[PDB]
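Single chain ahead, written as structure tokens, the form solved without the named molecule.
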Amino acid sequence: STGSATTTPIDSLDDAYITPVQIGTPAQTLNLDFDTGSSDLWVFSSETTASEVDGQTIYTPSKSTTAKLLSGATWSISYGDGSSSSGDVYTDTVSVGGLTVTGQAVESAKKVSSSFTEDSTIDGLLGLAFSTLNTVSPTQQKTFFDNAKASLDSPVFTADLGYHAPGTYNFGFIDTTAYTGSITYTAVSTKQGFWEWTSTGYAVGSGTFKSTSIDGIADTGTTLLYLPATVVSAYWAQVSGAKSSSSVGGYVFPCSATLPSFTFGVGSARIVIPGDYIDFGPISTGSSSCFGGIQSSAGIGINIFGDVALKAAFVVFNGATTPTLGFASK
């Protein structure tokens, strides 16, 4: 089997991408944030505290003839940005782009943190990291991809995120028309539960490539590119007037600037992020100070190849017995 679904930016900045997901019988379609940095499929629901729902579409398990309470199971998650959610668990039928999993754990939110309530466009998350990170207790549950894997034509999914445009998540096949050149594959460590890999270096604009190992995670659920402070300083030094602002929370730059590209290495291959992809717009409405899309990871504990980096590539998440990642230009 295969599936293919379009993913759409939630706003004009590409802050996140939403993909329609069918849950239950009859289907209830919710727009979920596919997140290769986590491993829970959780949704706003009829159980979510009413004051914490503001415009999201909810899953109502009592209206699904295939929903079953997973007795005794609870979940609770905290994300790298400080947001969180928690609740109980149902199993139900879940379909993405024509690919159907029966008995998928659907984690129903009883509580969500304010950042989720305040974003009416995201109805929940669909985790695509390794199932070892799933938070369901006392019986850990499998991700949608883990459940689908054995049925897929090939045990892979691909992310093809658009810049200011829709893109595609495919399951079970590699669309050879969706990229240019060849796909370069690189080793993955699953020891932390992430799609963790080592970039071979970087370049700023037309500058020389610096060969240096940068360990990080491929994370579709993170907006920006978070890299070591040395790398980030080297980038922003090429933008007149750019500076790190403690009050704003990262590098800002004059909105009048033209940003240089940023290249990262994948083996001997190179992925070029155009400068425009690094512009996240005014820090507040009407400001002439703009927020940068490349930021320091120093306060995180891990480097993160988020959407800024991934949307410059066609990315293969190869879930074979020994997983690997593939990157192609597009």
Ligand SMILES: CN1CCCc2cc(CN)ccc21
Second form
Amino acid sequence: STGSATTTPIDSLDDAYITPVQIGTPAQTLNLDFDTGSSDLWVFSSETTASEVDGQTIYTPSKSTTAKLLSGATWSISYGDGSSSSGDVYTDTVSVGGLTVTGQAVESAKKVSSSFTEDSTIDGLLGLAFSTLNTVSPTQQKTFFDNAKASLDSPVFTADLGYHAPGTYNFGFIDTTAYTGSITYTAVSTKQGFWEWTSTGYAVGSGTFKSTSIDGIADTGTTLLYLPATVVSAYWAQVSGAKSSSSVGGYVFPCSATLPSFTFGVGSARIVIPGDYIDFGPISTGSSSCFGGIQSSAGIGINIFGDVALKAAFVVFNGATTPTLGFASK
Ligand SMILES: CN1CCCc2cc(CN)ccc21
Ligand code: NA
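Would you mind giving the form deposited with the named molecule bound, to go alongside the form solved without the named molecule above?
Below is the whole assembly, all chains and molecules, this chain first.
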């Protein structure tokens, strides 16, 4: 089997991407944020505290003839930004882009943080990291990908995010029309439950490539590129008037600037992030200070190749017995 779904930016900055997901019988379509940095499929629901819902579409298990309460099971997650959600669990039929999983754990939110309530466009998250990070207790649950894997033509999914444009998530096949050149594969460590890999270095604009190992995770659920402070300082030093602002919470730059590209290594290959991808616009409405899309990881404890980096590539998440990542230009 295979599946193929379009993923759409939620706003003009590509802060996040939503993908339609069919849950239950008859289908209830919710727009979920596919998140390669977490392992819970959780949704706004008929159980969510009413004051914490503001425009999201909700899953109503009582309207699904295939929904079963997973008796005794609860979940609670805290994301790296400080956001959170928690609740109880149903199993139901879940379909993405024509690929169907029966008996998928659908984590129903009783509580969400204000940061989720405020995002009316996001109806929940579909985690695609390893199932060892799933938060359901007392019986840990599998991701949609882990449940689908055995049925897929090939045990893979691919992320093809757009810059200010829709893109695609494919499950079970590699669309050889969607990238240029060849795919360069690189080793993955699953020891922390992430798609963790090592980049071979970086360049700033037209500058020389610096060979240096940078461990990090491929995380579609994170907007920006978080890298070590040495690398980030080298990038922003090439932008007149850029500075790190403790008041704003990262590097800012004059909105009049033209940003240089950023290149990262994948083995002997190179992925080039155009400068425009690194512009996240005014810090507040009307400001002439703009927020940068490359930020320090120093306060995080991990480097994160989030959407700023991933949208510059066609990315293969290879879930074979020995997982690997693949990157291609596009
Ligand atoms: C609060 N916020 C809404 C936008 C999508 C989203 C995704 C994650 C997962 N990294 C965490 C928070 C969050
Ligand atoms: Na921000």
